[PDB]
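S.K.: Each chain, letter by letter, is given below.
Number of protein chains: 6
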Amino acid sequence: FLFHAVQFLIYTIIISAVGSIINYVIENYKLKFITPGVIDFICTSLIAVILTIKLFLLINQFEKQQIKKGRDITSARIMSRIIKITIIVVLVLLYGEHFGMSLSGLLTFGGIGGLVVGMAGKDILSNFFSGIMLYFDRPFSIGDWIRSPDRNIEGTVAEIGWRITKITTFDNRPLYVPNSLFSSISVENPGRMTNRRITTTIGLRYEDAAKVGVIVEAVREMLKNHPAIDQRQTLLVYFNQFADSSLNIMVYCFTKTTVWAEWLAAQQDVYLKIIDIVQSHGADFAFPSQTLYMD
Amino acid sequence: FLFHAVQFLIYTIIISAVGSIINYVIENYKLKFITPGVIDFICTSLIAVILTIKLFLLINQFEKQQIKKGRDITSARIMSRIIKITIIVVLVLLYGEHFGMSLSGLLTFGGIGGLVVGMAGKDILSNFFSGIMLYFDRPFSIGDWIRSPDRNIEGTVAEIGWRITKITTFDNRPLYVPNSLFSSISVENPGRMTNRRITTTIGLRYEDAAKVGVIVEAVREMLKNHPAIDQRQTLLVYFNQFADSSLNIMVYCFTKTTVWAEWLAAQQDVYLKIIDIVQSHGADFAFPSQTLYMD
Amino acid sequence: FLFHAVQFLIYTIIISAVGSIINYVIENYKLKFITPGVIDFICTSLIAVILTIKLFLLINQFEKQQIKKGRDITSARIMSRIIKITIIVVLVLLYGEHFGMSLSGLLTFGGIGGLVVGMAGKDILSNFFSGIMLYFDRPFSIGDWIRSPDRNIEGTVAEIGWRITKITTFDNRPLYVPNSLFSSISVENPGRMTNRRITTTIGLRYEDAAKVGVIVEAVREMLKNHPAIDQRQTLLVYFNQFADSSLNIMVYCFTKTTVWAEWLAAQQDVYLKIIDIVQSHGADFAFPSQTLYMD
Amino acid sequence: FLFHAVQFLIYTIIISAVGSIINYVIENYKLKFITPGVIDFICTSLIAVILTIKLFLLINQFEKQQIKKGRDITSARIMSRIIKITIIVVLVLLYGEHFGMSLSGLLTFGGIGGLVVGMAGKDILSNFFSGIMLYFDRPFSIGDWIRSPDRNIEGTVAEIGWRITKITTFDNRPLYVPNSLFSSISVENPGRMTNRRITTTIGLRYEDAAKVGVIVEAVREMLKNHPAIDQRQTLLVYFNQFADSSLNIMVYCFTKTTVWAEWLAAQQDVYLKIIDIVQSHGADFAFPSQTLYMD
Amino acid sequence: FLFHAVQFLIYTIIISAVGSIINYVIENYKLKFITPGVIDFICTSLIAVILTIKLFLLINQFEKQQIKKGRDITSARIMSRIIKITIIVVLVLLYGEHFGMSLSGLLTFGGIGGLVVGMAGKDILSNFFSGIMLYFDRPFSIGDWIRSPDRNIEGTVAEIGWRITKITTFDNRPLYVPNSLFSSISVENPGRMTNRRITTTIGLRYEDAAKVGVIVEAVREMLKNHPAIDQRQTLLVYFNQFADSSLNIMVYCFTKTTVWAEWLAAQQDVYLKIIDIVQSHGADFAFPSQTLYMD
Amino acid sequence: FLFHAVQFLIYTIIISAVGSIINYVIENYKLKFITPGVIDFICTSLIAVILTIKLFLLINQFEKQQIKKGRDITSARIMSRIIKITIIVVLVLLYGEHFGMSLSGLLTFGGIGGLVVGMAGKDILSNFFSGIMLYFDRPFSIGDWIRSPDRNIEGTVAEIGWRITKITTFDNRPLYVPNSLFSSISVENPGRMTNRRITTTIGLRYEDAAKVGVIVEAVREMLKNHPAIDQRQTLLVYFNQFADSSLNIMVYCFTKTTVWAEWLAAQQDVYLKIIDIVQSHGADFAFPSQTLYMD
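Sequence lines, in order, name chains A, B, G, F, E and D. Sequential numbering of the first sequence, starting at 40, is according to PDB author numbering. Sequential numbering of the second sequence, starting at 40, is according to PDB author numbering. Sequential numbering of the third sequence, starting at 40, is according to PDB author numbering. Sequential numbering of the fourth sequence, starting at 40, is according to PDB author numbering. Sequential numbering of the fifth sequence, starting at 40, is according to PDB author numbering. Sequential numbering of the sixth sequence, starting at 40, is according to PDB author numbering.
For the record, the hints were derived by calculation from the structure and aren't laboratory data. Any given hint could be a false lead.
Unchecked claim - When the alpha-carbon atoms are kept at most 30 Å apart in a straight line, the in silico DSS-like pairs for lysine-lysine are as follows: (1) G:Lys312 to F:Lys205; (2) A:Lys93 to A:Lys123; (3) A:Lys123 to G:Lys205.
What the hints assert, rightly or not - Here are some chain A residues the structure puts well away from chain B; computed CB gaps all over 10 Å: (4) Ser84; (5) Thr113; (6) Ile127; (7) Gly153; (8) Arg190; (9) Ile224; (10) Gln270; (11) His320; (12) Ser328.
The beta-carbon is built from N, C-alpha and C at its ideal position, and this holds for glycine as well.
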């Protein structure tokens with residue numbers, strides 16, 4: 040690593056200095072058939088060979104700590120093959136000036152190779168960049184319950200990584216969401232809610248119309264006196280729908296608490312009180328109804 | 040920052056002046072083995088080293104105020120690694136002329152690298168640009184209730200940022216909408232409405248046809264005398280549908296007010312008056328009906 | 040292979056040395072009509088011919104071990120034709136400097152050829168790159184049961200390859216999933232679950248309201264004493280819905296075990312106990328209900 | 040073909056040698072108004088004319104064996120027109136150096152022409168490349184029954200081609216699937232299945248609860264003694280659902296055989312045994328049920 | 040056309056020869072203020088003017104046979120305007136060397152113009168290329184009945200063109216399908232079917248179980264003796280489904296013929312025989328059934 | 040326009056001739072501090088200023104006939120601003136050689152500007168190109184009734200334009216269809232139909248099976264003797280479906296006429312005859328049926 044790199048740099052600097060001194064001597068004294076370009080190319084090739092050997096040393100070392108944690112020899116050998124071919128291709132690209140062919144044909148080849156690699160690896164790059172963005176600006180935090188109206192990502196955030204985010208679903212299963220999704224969908228954060236909402240519909244029989252009015256008032260009064268209902272939020276109780284078999288009354292309010300169990304307990308208490316109020320005034324709930332004409 | 044930049048610029052200007060003076064002297068007096076290109080390259084390398092050291096100083100400082108607010112050492116160290124590799128890659132690109140390799144191979148490499156970075160980071164850039172556009176021209180304002188027929192973004196706008204917009208839903212939950220969505224979907228603004236609309240259907244029995252006409256007139260007359268109904272807007276009451284089990288009469292009007300509770304109260308009053316009118320004329324509402332042929 | 044490559048390299052090095060010596064001699068002694076560029080072009084053409092012959096030897100050998108495992112002669116011959124035309128096209132591109140035509144027209148031709156090959160082969164490249172990514176970072180492992188809310192990939196992972204992943208479905212059928220899908224969809228891993236979830240709904244008759252309260256308590260008490268229920272997880276039993284023909288009570292709990300058969304046995308035991316509790320208090324489950332008005 | 044190509048190459052080599060000899064003579068003896076560039080351009084034009092004539096000969100011959108198999112004269116003539124215009128366009132591109140116009144304007148024209156041809160013919164190229172990939176790595180084989188959860192490609196594979204794959208559907212109709220689809224969808228291979236699956240649901244009346252337990256045991260015992268059921272696979276019989284009008288018992292097992300007729304026969308035998316077991320214990324299957332409240 | 044082109048070429052060749060002779064004379068004798076580049080530019084401009092006049096002659100002629108078949112003067116005049124502006128733009132691009140401006144700015148302008156024309160006209164080019172592909176390799180033929188599971192293209196093929204394919208629907212209406220669709224969808228060819236398929240379901244009452252077995256045998260025996268049923272294909276008759284109100288028996292076979300009327304006649308005969316067999320054994324078909332619990 | 044262009048060209052030609060004469064004089068006689076490049080740049084700048092003034096004159100004139108037809112001053116002024124900035128940007132691009140900056144930086148700037156304009160204006164260009172294609176090859180004509188199975192474009196074609204096509208719907212409303220849609224969807228042309236189709240289903244009671252056969256024959260005979268039915272087309276009457284509550288008989292035929300009213304009259308006559316035939320044989324049509332099991 041740094042030691043080998045420093046050694047290679049020192050060797051290269053020394054070889055370059057020696058070549059420059061040799062060129063200066065060939066300038067001073069009879070150079071004969073010299074071609075200083077050829078001497079410089081040989082010097083570069085020596086540097087190129089040293090760099091290639093150093094790189095292959097790291098390739099072998101990398102293969103070693105790849106195998107020692109598993110990664111059976113087939114897969115590790117294949118991966119080493121891939122990245123050594125990548126290294127040699129990069130080396131061929133970089134120095135086509137010293138001894139390589141037409142610079143312009145190499146331009147075309149390297150350009151279209153990099154360009155196809157450009158389209159191919161777009162998704163991984165987008166995931167990495169969205170991970171960086173989430174590092175700098177994220178709408179949630181670890182432990183927050185989140186959901187989206189576009190995709191199914193519901194659950195509590197467990198970990199945030201460079202490529203994927205780990206979320207614990209509500210059936211105790213891990214879910215791995217690619218980071219790029221957080222750059223194009225709307226993310227809702229119920230974990231930062233302020234109140235829980237109670238919404239329901241009371242369906243009365245069509246023969247209870249004369250009672251509807253007073254019933255509404257009764258329900259509203261109860262909601263104004265319940266100790267678990269937030270009085271500074273919206274509180275609506277009105278008759279607003281002609282259903283097929285019933286007259287519908289909306290109920291719309293909020294609870295002071297955000298805890299799941301307390302909200303459910305308050306909802307159950309409100310529902311039981313509503314049943315008592317409706318049955319006290321002589322009305323009743325309506326089943327689906329029909330009119331039958333027999334032959 | 041500005042102080043370090045000024046110091047580096049002064050040092051660079053002085054080194055360049057010294058190199059120019061040395062080149063002029065080598066022109067005047069015997070230059071010997073000079074290679075003024077080499078002296079200039081050494082001078083640039085010194086400037087390059089100074090710039091690299093200055094940049095790394097800022098990298099370290101940035102890492103420091105990243106850690107002091109949290110951002111555990113692993114993540115901060117990784118981020119510093121990323122941006123220092125980015126800086127060194129930029130430096131390698133910029134000065135491949137002084138000592139770098141083939142300018143044209145470096146062209147290919149830098150070009151395809153920037154081009155893949157181009158496809159990868161399109162979403163973040165689009166969000167930033169749409170944020171700028173919303174800064175200059177936005178259809179809503181903070182506190183406005185908005186919705187869209189294409190996506191689910193309903194709620195009152197809370198904050199407008201550079202990347203995302205924060206909207207408060209109607210169950211008191213925050214929602215984070217990417218800015219780019221506001222460049223391709225239709226945004227409706229109910230917060231700037233002028234009237235609320237009352238629409239309903241009266242379904243009468245098929246044996247009430249002889250009454251339908253007069254009933255319609257009655258309803259229309261009531262809507263023309265209600266103090267909560269805007270008389271300068273549309274007001275339609277007509278029989279316009281043969282339903283499966285009923286004859287349907289449309290009711291279509293507007294209220295003067297836009298407040299939620301007042302609109303609901305007016306709607307309830309209108310519905311109760313409609314029930315009274317229908318039952319006063321001897322007609323009745325129709326349940327779903329069927330004809331049964333028994334064996 | 041390596042032997043033939045070494046022989047060709049040695050031959051090329053020797054030919055180049057001979058050509059350089061000949062050019063030096065033509066410099067020293069009367070060169071006559073020489074055109075050293077032409078001699079070098081002839082030398083390169085000889086090297087080009089040798090390289091082409093060597094490549095065609097490998098093409099033929101490859102065709103041989105393609106046929107010996109099957110791959111009837113038509114298909115193998117066609118494939119050899121394709122890759123030999125590819126090789127000759129590459130050779131024509133590389134050395135258009137020595138005797139080829141306008142370097143710039145060849146630039147255009149090679150560039151647009153590589154660019155169309157770029158769009159065409161994007162999917163295979165993306166699959167290969169996602170295979171590499173799965174090699175380095177994968178959310179699952181061999182033998183894990185996985186599923187996705189976006190696509191149908193449910194089953195237990197059997198093999199992970201360079202292009203596709205083999206998954207065993209639950210009807211004992213192999214399924215081959217392209218690797219690129221794992222870069223854009225959310226992958227859920229039920230094989231790493233911690234608990235199994237029991238969720239159900241108890242629908243009581245509308246005449247059982249006076250009992251609902253006590254019934255809920257009874258059920259909750261039973262769930263607090265069942266030896267197969269995890270007491271450190273969520274445990275909710277509340278009345279929370281006015282259904283069309285019934286009052287709905289939710290039941291929400293977790294089991295200690297994750298085995299399929301044990302979870303099903305515990306679920307059956309809980310259901311039977313629930314039936315006994317409901318029938319013991321005088322209530323009953325509700326069928327779909329209706330009200331009929333006869334003529 | 041090869042003979043004409045060899046003749047043209049020999050003629051071109053001879054013309055080039057003659058032109059070089061003429062240039063050498065013009066160098067030696069008084070060249071007068073020579074412009075050796077013009078002589079070389081004339082020589083190339085002669086070579087260009089010979090190449091064009093040779094190409095047109097092949098164009099005509101190709102038209103001939105196109106017509107002799109049909110392909111009425113209109114279509115064949117049109118196709119010959121297309122590929123001869125393509126050939127002349129290629130010739131104009133290649134040698135704009137000898138007498139053509141600005142090399143750079145020709146760069147622009149050839150580049151954008153090839154680039155539009157690049158977008159236009161992407162689908163055919165992708166089909167060809169996916170055909171090559173299927174040649175090297177395919178998940179199925181000829182005669183295998185395959186299907187996909189993404190598209191409708193169900194049937195037994197009949198032929199694999201360079202562009203499309205021919206599949207025989209189960210109503211004895213050919214289906215032609217483009218090869219590129221096999222690079223982006225999940226392919227399931229029921230032809231390589233190991234067992235067939237038997238899954239069903241037993242719906243009992245709500246008054247049969249006291250029997251449910253014993254009934255389940257009976258069914259399970261039968262499945263443990265059936266000679267056609269694989270005992271090493273999954274075998275589940277549990278009561279796991281409160282349906283609207285019934286209590287549901289799941290049955291989940293596998294058969295030893297994979298043949299269609301034998302699997303169906305075993306399924307029928309199991310179903311008849313299940314009916315006998317259910318009716319023997321005094322229970323019965325449940326029709327959809329309802330509760331009617333008459334006026 | 041060819042005559043005018045030959046005349047223009049002869050004139051251009053003569054002008055070029057005259058200019059070359061004039062340049063040679065100016066070389067031999069005192070050229071004075073000559074600027075041979077200017078004389079050559081004037082000569083080219085004369086050639087350019089001649090070419091422009093010749094092109095405009097064809098533009099006018101084309102307008103003439105456009106109008107003589109209709110194409111009212113407005114549309115024809117507009118089209119002539121478009122293609123003459125295209126011709127002059129091409130001429131401006133081609134010779135910006137002789138007197139045009141910066142070659143590199145013209146590079147940028149021509150390049151981005153051609154590139155936008157590249158994205159814009161992709162669909163027409165794709166249709167043309169798919170037409171060529173269909174010419175070389177098509178899955179159907181004129182007169183074949185085809186359909187697709189992806190799009191609605193059902194009908195018998197009538198004509199195959201360069202851009203669209205004309206198909207006669209089964210209500211005697213023409214349908215024009217773009218050719219590019221045949222490069223990305225699966226095409227099924229019922230016109231090349233081998234057998235027609237008979238599939239049906241027999242739903243028996245739940246009280247007919249004791250008969251089900253024998254009934255199945257009877258039906259199978261009949262299908263084995265029907266002279267219109269192919270005995271070498273699949274023939275399956277089994278009880279395989281517990282329906283809501285019935286027990287379902289599958290029937291699955293093939294006919295020897297592929298003619299529409301004969302297949303329908305055989306199907307009707309089979310259905311009538313099935314009815315007779317079912318009613319002969321004492322069973323009966325099942326209507327939808329329900330259980331009613333009255334108050 | 041042409042007059043101003045001719046005047047400007049004459050002025051430019053004269054200025055260029057004067058500059059050339061001045062350069063020749065400076066060559067002949069003592070030029071002193073001349074810098075002929077500077078004199079030529081001044082001459083070009085004068086030409087540039089004249090061209091800019093001429094262009095601005097047309098800009099103003101265009102603004103004038105824009106306002107005189109309406110187009111209130113704000114919009115017209117804005118549009119003039121846009122196209123004058125476009126003109127000046129084009130002028131800056133074209134002549135960066137005479138006095139502009141680095142040609143290569145201007146290359147980058149002009150290239151990316153044109154390239155973004157390339158992506159942005161793709162839709163308008165595609166509409167224009169599809170309009171040209173429809174001019175040359177269109178599947179319909181003015182007055183034809185067309186429809187598509189992919190989009191809703193049903194109606195009779197009224198006008199064909201360069202960007203959009205105007206179609207009259209069947210409720211007498213104009214519809215404007217972008218031209219590009221006609222390049223990617225299947226267009227059906229009912230206006231060029233040859234026959235109208237009569238298709239229906241006769242549902243008989245399950246107790247009418249003994250009659251089904253003869254009934255079918257009767258219906259077929261009637262269809263063979265109806266004077267409004269085309270006897271050379273398809274004519275099918277068969278029993279082909281076991282429905283839930285009925286036995287289904289298909290009727291499939293064609294009428295000789297294509298007029299709407301005559302086709303409807305023939306259909307009504309056929310339906311009445313079918314009713315008479317069915318009721319004459321003792322059968323009857325079937326209502327939806329059910330079997331009820333009372334407690």
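S.K.: Indicate, hint by hint, whether the structure satisfies it.
M.R.: Going through the hints against the structure:
Restraint check for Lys312 of chain G and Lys205 of chain F: not satisfied, since their Cα atoms lie roughly 57 Å apart, outside the 30 Å limit. Between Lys93 of chain A and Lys123 of chain A the alpha-carbon distance is near 12 Å, which keeps this suggested pair within the 30 Å criterion. A distance of roughly 28 Å separates the Cα atoms of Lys123 of chain A and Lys205 of chain G; the hinted pair therefore holds under the 30 Å criterion. Annotated as non-interface, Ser84 of chain A keeps its C-beta farther than 10 Å from every C-beta of chain B; the closest such distance is 14 Å.
For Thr113 of chain A, the shortest C-beta to C-beta distance to chain B comes to about 30 Å, beyond the 10 Å cut-off, and the non-interface label holds. Interface exclusion of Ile127 of chain A from chain B stands, the closest Cβ pair being 15 Å apart, more than 10 Å. Not every beta carbon of chain B lies more than 10 Å from that of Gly153 of chain A, the smallest distance being close to 3 Å; the non-interface claim is violated. The non-interface label for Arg190 of chain A is consistent with chain B: the shortest C-beta to C-beta separation is roughly 12 Å, beyond 10 Å.
For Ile224 of chain A, the requirement that its beta carbon stay farther than 10 Å from each beta carbon of chain B is not met, with the minimum near 8 Å. No beta-carbon of chain B comes within 10 Å of the beta-carbon of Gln270 of chain A; the shortest separation is about 14 Å. The beta carbon of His320 of chain A sits about 16 Å from the closest Cβ of chain B, which is more than 10 Å, so the claim that it is off the interface holds. Consistency note on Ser328 of chain A: stated as away from chain B, yet its beta-carbon is not over 10 Å from all of that chain's, at 5 Å minimum.
Consistency note: the structure conflicts with the earlier hints numbered 1, 7, 9, 12.
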